[PDB]
Amino acid sequence: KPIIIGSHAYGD
Amino acid sequence: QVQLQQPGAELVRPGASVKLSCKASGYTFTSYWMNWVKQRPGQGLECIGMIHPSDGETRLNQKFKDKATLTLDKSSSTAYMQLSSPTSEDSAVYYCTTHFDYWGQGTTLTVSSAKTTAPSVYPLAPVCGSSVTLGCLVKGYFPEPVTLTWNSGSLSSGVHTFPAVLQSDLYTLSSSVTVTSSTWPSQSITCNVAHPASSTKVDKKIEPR
Amino acid sequence: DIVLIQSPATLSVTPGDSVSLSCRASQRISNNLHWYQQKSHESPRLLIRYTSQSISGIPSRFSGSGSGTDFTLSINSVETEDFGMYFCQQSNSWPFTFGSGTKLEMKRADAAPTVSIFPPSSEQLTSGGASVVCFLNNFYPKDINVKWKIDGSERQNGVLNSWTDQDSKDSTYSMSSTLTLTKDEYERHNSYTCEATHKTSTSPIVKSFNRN
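Residue numbers (this note's numbering), protein chains in the order written: chain A, 4 to 15; chain B, 97 to 305; chain C, 79 to 290.
Hint data in this document are derived by calculation from the structure and do not stem from the laboratory.
For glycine and all other residues, C-beta sits at the position ideal for the given N, C-alpha and C.
Be a bit skeptical, because a hint or two may be false.
Stated by the list, open to error - Below, computed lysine-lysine pairings styled on DSS-like, alpha-carbon distance capped at 30 Å: (1) B:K301 / C:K247; (2) B:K163 / C:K117; (3) A:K4 / B:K163; (4) B:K300 / C:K285; (5) B:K300 / C:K185; (6) A:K4 / B:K119; (7) B:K301 / B:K211; (8) A:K4 / B:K170; (9) C:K117 / C:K277; (10) B:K119 / B:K163; (11) B:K301 / C:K261; (12) A:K4 / B:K211; (13) B:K115 / A:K4; (14) C:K285 / B:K211; (15) C:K227 / C:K181; (16) C:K261 / B:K119; (17) B:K115 / C:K117; (18) B:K300 / A:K4; (19) C:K181 / B:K159; (20) C:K185 / B:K301.
Said to hold, decoys possible - Facing chain A, a subset of chain B residues (Cβ under 8 Å, in silico): (21) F160; (22) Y176; (23) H195; (24) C224; (25) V228.
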């Protein structure tokens, strides 16, 4: 799944 | 909460491989990418690459293709980056970060062949106003860091302790203290320098010339 | 490969004033542009993602905008906790790349350096070297030139400079300058001078001593 900046703390 | 834990500092000799660690807690290690980022002293940030712990998918900045190798210990939720044949150009802070939101605190990597060397400590009295400044010069030590205090930490206001710089392959740093004219030399003022890597502590009392 | 330019490299602002920072990309990057704050001794911290999306917990005084190629981070009413380095980062094309950063520093009143010169420690001369030290303390703005003179002649080789970060309490900068010579060279001259040129005067601030 493509990395999305900030999706770890802040969701897709 | 999510934590990414990196050792503060690593020292490698030129040519010797170093492997930096990033231990992940607080979330599912296989659920997010792990990125590594290089930052040189005053300079910018460069992405080295990323690896996904689910399947080991990895994308590498081709600038680093012959320098960095990313691996994982899934059982301990640890990510690794190995730097091969390090040179002074690899001296830098290295951060792990998942999706550029949670960050480790970064590892300061130093590439040096310098040998552990205790500092020389020199007291700086004034030549020979309302206040007087004295200095303490710390020369020729390795590795960082030293801890410098004045009167064992009692004397903390009006102090400037300057970033260490390289004098050769060795470090030097200095500190000034400013006090009212009526307080020195009537009162003792001492520079204290601790260099734990050489298990050395040094006191120099500042004496009028 | 995509190059991001942050210009200028430093901005000075007074707390309460408003600011915008610039980031321009070498090619179009859609909305794949993020902003990071990095204080001294800290890792970077994501402030805005995907050009204008706000980050939970970040003060509402931060906002982003931009169009494909030119981007801006706006801070209305800078606060003391806002001073630090700001970076932009594109994630349109791998490798992801960062701009070089814009430092936000605290503007304050100009202040000339307080300058102190110190002859070598006599104990140091027994090592065969001789370090003359000049402290230039609590000045503003950060930019300063120090020149060493020996018996009136400028000396280039053997100077080591180190600068403190902006003072978190009075917003000043300080600097140390060490001129290291051999014992023999030190002893065969008699006038040592530390000259500081600063925005605060067209005349250098001079401190000097005579070896005896």
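Here's how the hints hold up against the structure:
1. B:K301 / C:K247: holds, 29 Å
2. B:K163 / C:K117: holds, 28 Å
3. A:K4 / B:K163: holds, 26 Å
4. B:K300 / C:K285: holds, 25 Å
5. B:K300 / C:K185: Violated, at about 38 Å.
6. A:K4 / B:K119: holds, 22 Å
7. B:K301 / B:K211: holds, 28 Å
8. A:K4 / B:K170: Holds - the C-alpha atoms of B:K170 and A:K4 are around 19 Å apart, at most 30 Å.
9. C:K117 / C:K277: It holds: about 26 Å lies between the C-alpha atoms, which stays within 30 Å.
10. B:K119 / B:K163: Holds, at roughly 21 Å.
11. B:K301 / C:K261: It holds: about 23 Å lies between the C-alpha atoms, which stays within 30 Å.
12. A:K4 / B:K211: violated, 47 Å
13. B:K115 / A:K4: holds, 27 Å
14. C:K285 / B:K211: Not OK: C:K285 and B:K211 at ~37 Å, beyond 30 Å, violated.
15. C:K227 / C:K181: Roughly 33 Å between the alpha carbons, so the hint for C:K227 and C:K181 is violated.
16. C:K261 / B:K119: violated, 51 Å
17. B:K115 / C:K117: holds, 27 Å
18. B:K300 / A:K4: Violated. B:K300 to A:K4 sits at ~61 Å, over the 30 Å cutoff.
19. C:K181 / B:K159: With Cα atoms ~27 Å apart, C:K181 and B:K159 stay inside 30 Å; holds.
20. C:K185 / B:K301: violated, 38 Å
21. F160: violated, 17 Å
22. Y176: violated, 19 Å
23. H195: holds, 4 Å
24. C224: violated, 60 Å
25. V228: violated, 52 Å
Of the numbered hints listed earlier, those contradicted by the structure are 5, 12, 14, 15, 16, 18, 20, 21, 22, 24, 25.
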